[PDB]
Amino acid sequence: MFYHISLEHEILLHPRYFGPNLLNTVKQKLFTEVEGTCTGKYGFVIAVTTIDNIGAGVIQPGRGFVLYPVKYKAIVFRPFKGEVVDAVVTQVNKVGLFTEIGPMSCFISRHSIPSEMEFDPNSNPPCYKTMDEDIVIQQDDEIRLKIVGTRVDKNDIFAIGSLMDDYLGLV
Amino acid sequence: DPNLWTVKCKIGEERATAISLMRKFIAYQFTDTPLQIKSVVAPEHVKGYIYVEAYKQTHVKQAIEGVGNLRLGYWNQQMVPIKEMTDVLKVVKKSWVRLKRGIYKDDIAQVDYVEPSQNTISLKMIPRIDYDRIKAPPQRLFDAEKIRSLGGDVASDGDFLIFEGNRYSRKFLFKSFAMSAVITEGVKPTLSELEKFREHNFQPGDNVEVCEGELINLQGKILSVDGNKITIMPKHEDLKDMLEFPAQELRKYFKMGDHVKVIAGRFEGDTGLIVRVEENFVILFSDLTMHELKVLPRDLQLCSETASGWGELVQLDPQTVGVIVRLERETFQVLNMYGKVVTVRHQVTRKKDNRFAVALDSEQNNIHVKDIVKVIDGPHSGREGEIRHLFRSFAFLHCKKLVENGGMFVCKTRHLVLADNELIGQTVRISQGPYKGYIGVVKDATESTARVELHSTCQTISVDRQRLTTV
Amino acid sequence: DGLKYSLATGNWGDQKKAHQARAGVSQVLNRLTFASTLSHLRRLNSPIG
DNA sequence: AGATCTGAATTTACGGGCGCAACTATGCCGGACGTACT
DNA sequence: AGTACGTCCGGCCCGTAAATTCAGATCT
RNA sequence: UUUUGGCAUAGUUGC
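Protein chains in written order, with the authors' numbering: chain G, 1 to 171; chain Z, 176 to 268, 276 to 318, 335 to 369, 371 to 396, 416 to 527, 536 to 573, 575 to 646, 702 to 753; chain B, 442 to 490.
Hints are computed from structural coordinates only; laboratory data are not their basis. Backbone N, C-alpha and C define an ideal beta-carbon position, used for all residues, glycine too. Take the hints with a grain of salt, since some may be wrong.
[What the hints assert, rightly or not] Derived CB-CB ranges, DEER-like:
hint	chain 1	residue 1	chain 2	residue 2	range
1	B	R472	Z	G284	17 to 25 angstroms
2	Z	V443	G	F158	48 to 56 angstroms
3	G	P103	Z	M460	28 to 36 angstroms
[Stated by the list, open to error] Think about it this way: if two alpha-carbon atoms lie no more than 20 angstroms apart in a straight line, the pair counts; the simulated SDA-like pairs of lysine to any residue are:
hint	chain 1	residue 1	chain 2	residue 2
4	G	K41	G	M104
5	Z	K628	G	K146
6	G	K154	Z	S299
7	G	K154	Z	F396
8	G	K94	Z	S214
9	Z	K344	Z	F371
10	G	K81	Z	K473
11	Z	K282	Z	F376
12	G	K154	Z	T524
13	Z	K627	G	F65
14	G	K81	G	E100
15	Z	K282	Z	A380
16	Z	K628	G	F2
17	G	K94	Z	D314
18	Z	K627	G	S105
19	Z	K473	G	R151
20	Z	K628	G	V95
21	G	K27	G	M1
22	G	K146	G	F2
23	Z	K282	Z	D294
24	G	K41	Z	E523
25	Z	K512	G	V95
26	G	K94	Z	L247
27	Z	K473	G	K27
28	Z	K566	Z	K639
29	Z	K718	Z	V644
30	Z	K512	Z	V540
31	Z	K231	Z	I257
32	Z	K374	Z	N446
33	G	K154	Z	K231
34	Z	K258	Z	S214
35	B	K445	B	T474
36	B	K457	Z	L247
37	G	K154	Z	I501
38	G	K154	Z	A525
39	G	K154	Z	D505
40	Z	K344	Z	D314
Throw the hints in and build the complete structure from the sequences for me.
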């Protein structure tokens with residue numbers, strides 16, 4: 001879920017960018033660095049809400065760079081196991097289902113898929129359909145899925161969706 | 176009673192020392208120099224020293240005098256403690279044997295025929311020989343043609359053969376050896392030896427349940443382990459006390475959606491996650507592949523490491547390179563430029580990879596290694612892979628989703644899209715410039731200048747190549 | 442080999458007794474001048490002791 | 001008043017240290033075993 | 001059968017502690 | 001197409 005938190009980052013500014021627009025330069029560099037990145041413990045940083053406080057620029061001995069610590073309010077998506085989430089199904093295959101939550105990709109395995117659902121390969125849209133067709137899971141649909149577990153590997157979170165609980169799936 | 180005193184003796188010659196001292200006792204039992212010691216003990220498995228029974232250390236010293244073998248214990252002796260006197264004498268303890283001596287020491291040997299004479303038994307063995315080529335070794339099958347070709351001491355009766363010190367062989372060595380020269384109890388060969396010719419495994423951290431008893435259905439994490447009666451110390455759910463269970467009362471139970479590794483069997487080494495816990499058929503899916511793997515509960519352990527699941539460039543021949551796609555016991559599965567998977571020996576050559584090599588895709592875009600490229604033409608059209616190796620007109624693409632050859636395939640580069703100077707060491711003569719007259723040898727050479735070690739003076743200097751004239 | 446050792450390394454005494462065996466008796470002959478060779482021939486050393 | 005220990009104040013071994021950088025020489029497995037060749 | 005050959009096993013010094021000797025606590 | 005490499009005690013010599 002999106003959470004508006006103050007985080008810390010470090011910037012080793014090179015002397016070539018010194019002079020006028022120094023504060024603009026460190027602001028731009030923090031924007032370039034944090035945006036579009038994922039961290040395992042803190043999830044997906046979405047965007048810089050703002051840069052709160054610019055720390056003192058400690059000139060590195062022996063190196064020449066200047067180290068700036070920066071406090072910044074940023075919003076982070078952190079998935080929660082044991083929570084229901086609205087998700088957009090991206091890819092549907094016979095093995096499982098992939099869904100998008102923000103930039104993050106979650107999965108619904110062949111068995112985490114409910115047994116009532118069954119793949120429909122013969123039809124023109126490849127989709128999982130129930131016998132009564134009260135819920136039909138295809139690509140590009142809004143589903144309520146329970147997060148079984150936030151399985152994190154190398155600065156990227158992939159969760160597992162489940163429809164075992166009632167009232168889940170399409171609206 | 177008298178006390179035992181330790182006397183250091185020559186290693187491997189204790190029983191001979193005891194025999195000599197008994198002979199000395201009998202040879203001086205009636206003389207004016209009687210041996211006042213009572214007995215001598217030279218245990219079989221205690222090597223290096225012996226024991227002498229006497230009431231005094233002076234008796235020991237005066238008795239062992241004249242025995243060179245005990246001279247290292249002559250000056251001083253140590254009494255065996257009174258409470259440990261029992262332990263001096265306390266002694267403990276189509277098949278397969280293992281020969282003791284010879285080059286076949288501790289080698290599995292199948293008892294072919296047991297001679298009723300009780301002197302030797304016929305044993306089948308694998309020869310550890312060089313076939314008289316190095317001497318003037336590991337186990338390998340007995341090659342009859344090689345030892346016939348090399349000659350020497352060799353006699354042929356078809357598959358039957360005599361060679362190199364009356365070694366008898368047939369099709371495999373078949374030679375007689377004394378039972379005292381082998382071990383006839385406690386070999387227990389492995390399955391590999393059979394091809395050539416219950417168990418408990420509880421680990422700390424693993425979760426186990428209770429299958430029977432008053433403490434049934436209590437899942438807890440293992441802390442300790444022992445051999446048979448473990449008396450385990452499991453940390454149960456909602457219980458701060460530590461209870462006791464043997465190996466037989468537990469089972470390797472695991473909740474769904476947790477890391478699992480296989481300890482043994484056809485699925486050994488593969489990791490994954492268990493899905494549904496049936497009575498005994500536990501179904502899981504690997505981190506590599508998405509195939510059903512059914513295992514017993516005992517064939518699972520709780521280990522949180524990532525799966526291993536490498537990819538080195540090798541030369542099948544100077545005309546075609548190869549990329550290893552699987553590592554095996556004695557061979558490499560190598561995927562070449564043609565797309566043909568081959569199986570080759572360990573002794575291909577490692578080529579110097581050129582990581583800065585430049586290749587052109589199908590749209591005249593420069594592409595380097597680690598670049599994600601889509602295949603728009605060729606047999607693998609539609610796939611998208613990361614470049615790992617390059618050729619003049621081929622590129623090798625890795626893809627984790629593709630379960631074939633470890634995800635590695637190959638496509639032509641034009642069907643992708645990005646998503702020493704001769705003058706060195708030559709005697710020369712300065713024909714122009716201030717250094718004219720002299721002779722030197724060219725150490726370093728360039729396009730313009732060249733270093734010359736000057737023969738005449740104790741220095742080296744650089745001169746234009748125009749100033750040089752070879753001898 | 443005993444005498445050859447004791448002259449080869451300068452150690453003087455038994456080879457295994459080198460812990461306390463006094464050394465520094467046999468030295469490489471000083472061959473730089475004739476006077477240096479003579480001075481090394483006639484040299485006498487007092488141990489610290 | 002005295003003993004009798006007994007609790008703090010004088011004499012003996014005993015490690016453990018001893019100013020900075022180059023150039024040459026020696027030596028680090030012998031005894032027993034064990035079999036194969038001539 | 002003998003012997004060679006090669007591979008395998010077995011002065012100071014200053015702290016520092018420790019051993020003996022006078023008052024003091026009991027215990028007559 | 002890229003180079004390597006020992007530890008030791010002893011001895012002598014140089015402000």
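Tested hints:
{"no.": "1", "hint": "B/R472 to Z/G284: 17 to 25 angstroms", "result": "violated (58 angstroms)"}
{"no.": "2", "hint": "Z/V443 to G/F158: 48 to 56 angstroms", "result": "violated (35 angstroms)"}
{"no.": "3", "hint": "G/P103 to Z/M460: 28 to 36 angstroms", "result": "violated (46 angstroms)"}
{"no.": "4", "hint": "G/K41 to G/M104", "result": "holds (14 angstroms)"}
{"no.": "5", "hint": "Z/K628 to G/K146", "result": "violated (25 angstroms)"}
{"no.": "6", "hint": "G/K154 to Z/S299", "result": "violated (70 angstroms)"}
{"no.": "7", "hint": "G/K154 to Z/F396", "result": "violated (48 angstroms)"}
{"no.": "8", "hint": "G/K94 to Z/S214", "result": "violated (87 angstroms)"}
{"no.": "9", "hint": "Z/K344 to Z/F371", "result": "holds (14 angstroms)"}
{"no.": "10", "hint": "G/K81 to Z/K473", "result": "holds (16 angstroms)"}
{"no.": "11", "hint": "Z/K282 to Z/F376", "result": "holds (10 angstroms)"}
{"no.": "12", "hint": "G/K154 to Z/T524", "result": "holds (11 angstroms)"}
{"no.": "13", "hint": "Z/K627 to G/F65", "result": "violated (39 angstroms)"}
{"no.": "14", "hint": "G/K81 to G/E100", "result": "holds (16 angstroms)"}
{"no.": "15", "hint": "Z/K282 to Z/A380", "result": "holds (5 angstroms)"}
{"no.": "16", "hint": "Z/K628 to G/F2", "result": "violated (30 angstroms)"}
{"no.": "17", "hint": "G/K94 to Z/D314", "result": "violated (63 angstroms)"}
{"no.": "18", "hint": "Z/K627 to G/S105", "result": "holds (16 angstroms)"}
{"no.": "19", "hint": "Z/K473 to G/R151", "result": "holds (16 angstroms)"}
{"no.": "20", "hint": "Z/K628 to G/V95", "result": "holds (13 angstroms)"}
{"no.": "21", "hint": "G/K27 to G/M1", "result": "violated (26 angstroms)"}
{"no.": "22", "hint": "G/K146 to G/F2", "result": "holds (17 angstroms)"}
{"no.": "23", "hint": "Z/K282 to Z/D294", "result": "holds (18 angstroms)"}
{"no.": "24", "hint": "G/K41 to Z/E523", "result": "holds (18 angstroms)"}
{"no.": "25", "hint": "Z/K512 to G/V95", "result": "holds (18 angstroms)"}
{"no.": "26", "hint": "G/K94 to Z/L247", "result": "violated (83 angstroms)"}
{"no.": "27", "hint": "Z/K473 to G/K27", "result": "violated (48 angstroms)"}
{"no.": "28", "hint": "Z/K566 to Z/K639", "result": "holds (14 angstroms)"}
{"no.": "29", "hint": "Z/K718 to Z/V644", "result": "violated (62 angstroms)"}
{"no.": "30", "hint": "Z/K512 to Z/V540", "result": "violated (37 angstroms)"}
{"no.": "31", "hint": "Z/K231 to Z/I257", "result": "holds (14 angstroms)"}
{"no.": "32", "hint": "Z/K374 to Z/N446", "result": "violated (40 angstroms)"}
{"no.": "33", "hint": "G/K154 to Z/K231", "result": "violated (76 angstroms)"}
{"no.": "34", "hint": "Z/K258 to Z/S214", "result": "holds (19 angstroms)"}
{"no.": "35", "hint": "B/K445 to B/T474", "result": "violated (27 angstroms)"}
{"no.": "36", "hint": "B/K457 to Z/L247", "result": "holds (19 angstroms)"}
{"no.": "37", "hint": "G/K154 to Z/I501", "result": "violated (27 angstroms)"}
{"no.": "38", "hint": "G/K154 to Z/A525", "result": "holds (14 angstroms)"}
{"no.": "39", "hint": "G/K154 to Z/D505", "result": "holds (15 angstroms)"}
{"no.": "40", "hint": "Z/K344 to Z/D314", "result": "holds (10 angstroms)"}
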